[PDB]
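Trainee: Residue strings, one per chain:
There are 2 protein chains.
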Amino acid sequence: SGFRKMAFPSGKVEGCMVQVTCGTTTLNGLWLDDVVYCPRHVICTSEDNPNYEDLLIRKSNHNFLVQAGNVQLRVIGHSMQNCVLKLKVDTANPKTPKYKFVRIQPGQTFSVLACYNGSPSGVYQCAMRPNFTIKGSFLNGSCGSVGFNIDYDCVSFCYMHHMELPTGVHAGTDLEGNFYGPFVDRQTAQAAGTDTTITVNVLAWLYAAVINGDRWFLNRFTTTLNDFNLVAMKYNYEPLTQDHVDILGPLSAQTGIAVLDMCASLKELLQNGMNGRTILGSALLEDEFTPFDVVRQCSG
Amino acid sequence: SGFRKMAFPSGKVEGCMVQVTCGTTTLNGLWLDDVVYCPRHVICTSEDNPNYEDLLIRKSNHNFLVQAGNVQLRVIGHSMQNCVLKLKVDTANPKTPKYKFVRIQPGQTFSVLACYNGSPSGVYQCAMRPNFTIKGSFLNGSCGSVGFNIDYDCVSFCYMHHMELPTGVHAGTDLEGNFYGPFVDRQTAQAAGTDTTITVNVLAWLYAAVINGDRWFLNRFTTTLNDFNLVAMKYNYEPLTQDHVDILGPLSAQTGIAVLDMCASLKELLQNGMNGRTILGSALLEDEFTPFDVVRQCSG
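Residue numbers (the authors' numbering), protein chains in the order written: chain A, 1 to 48, 51 to 302; chain A', 1 to 48, 51 to 302. A prime marks a further copy of an entry chain.
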């Protein structure tokens, strides 16, 4: 037992991380088969309101230094797809895993492999916030670090890191180079929009707590979906849908606590607080675990 | 910026995990060069107050099934070292990293690669508690999962998982098979002893918060080491030593906040609480980050 925020084992992604250098700019790239994917930001400096089409036309293959550990990888083609650069290299990565490029939804989680100069440094879990930012840990040089999920040895890549917003949260793209949220890879006054709490995840985590022996917040009451959603709106929680209730079915069955029964507990927690008590070691309600994340750790 | 609980990239350890089966018992082992390390518990069932010396004498090499993915590894020798079994195999692991076996101190952190049937499932950070337990996430089949730190591509293994205590916390050994704390690998009423809060780590995390822009808890006061330790004892915090102050030097220098100045903030937080505010997203004081963990993420 126990419940911990847990990343996927990162080995399959570690074998894909390379360093990409163009001029005086270095960042990370992702080497799959004979293509390296990285942020197109690598082709400009600080002086470049940039036109990336013009900037790339003025580059040649030999302007791109790609290093996989010690071995230099010869660039033989270059192109741009939205905000990512694709560098064709003369060697297929022999450690390419089975993989997919997937775009994830707000409220879903993924593992981030933080990398610097093509060298992985740490791994942690992130949720895509409703406002399309993530609360990561990225220092200078982390551009091109990727986010992923792993399912039966298939790596589903969903995130490439591009920048940090003024509040210290983080924005990036899918692996097709399309930004999550209303952000751009140039210097503007862009800021994170208003955020909300992911209700279905909070309920999943309350189920995790019950499975792990925390029961003090339970009560004999049930509530209707409509009356719960009135309370949710008051506290800046997302509305709960019938599909959310359906998704929580397996956890509800395992614990014998109907979803709308648990909603009555969440309503009381929102209105009264915790009164000095904690849930799974937290004094706040946690919304960064999906129902899948809980079921993954609460099989027993 | 940002501050996240972050595990080391797990790839080097993933390449060492195997499955060890003896009879109807299966668990995880660690394959380094031509030796597999696993909990000696693998040689008994439920009926075995066991004498492990007798149990091992009654075994042969062919009683041990070791599987590295698909490939079966032939066992050619077996011996016991304290609570770990060493199985000599006829193949050196070609993916053996540079490694060391180190025993860690209470208050230090490490990454856990949770594994089932020789297959890694997730990675997370743990601190060794003052009472020599860890607050992990381990389901049935996780025995033999290992904890480690990585320094310049050298893996320092420090933990092998053995069992779960009645409070849901976890106990295990170093890789020499010596238990952390007053625990044994048989069925007793053993329980975790009283625990305390790791003061130096809480201060390191307050420094992390300042580096990341949380300043509301600061004040103009300083305190003496002796007067702080009077408050620490009252709230079940470990005493702060001069070596702790010395260790926090680099963080104190980066922020310009003397250690004893930060101690005055911690005293006020202990006596008054947070008054509805949070620090790095927590409503509780966090003690599972070492000064090293902070410096690792707060270079900027």
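Calculated directly from the structure, the hints in this document are not laboratory data. Check the hints yourself; a few may be wrong.
Going by beta-carbon spacing under 7 Å, a handful of chain A' positions derived as facing chain A [what the hints assert, rightly or not]:
| hint | residue |
| --- | --- |
| 1 | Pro9 |
| 2 | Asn72 |
| 3 | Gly138 |
For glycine and all other residues, C-beta sits at the position ideal for the given N, C-alpha and C.
Trainee: None of the hints should be skipped; say for each whether it holds.
Mentor: For each hint, the structure was consulted:
Given hint, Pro9/A' at the interface with chain A, holds; its Cβ is 4 Å from that chain's nearest Cβ, closer than 7 Å. Checking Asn72/A' against chain A: minimum C-beta separation of about 13 Å lies over 7 Å; hint violated. Taking 7 Å as the C-beta cut-off, the interface hint given for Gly138/A' holds, the closest approach to chain A being about 5 Å.
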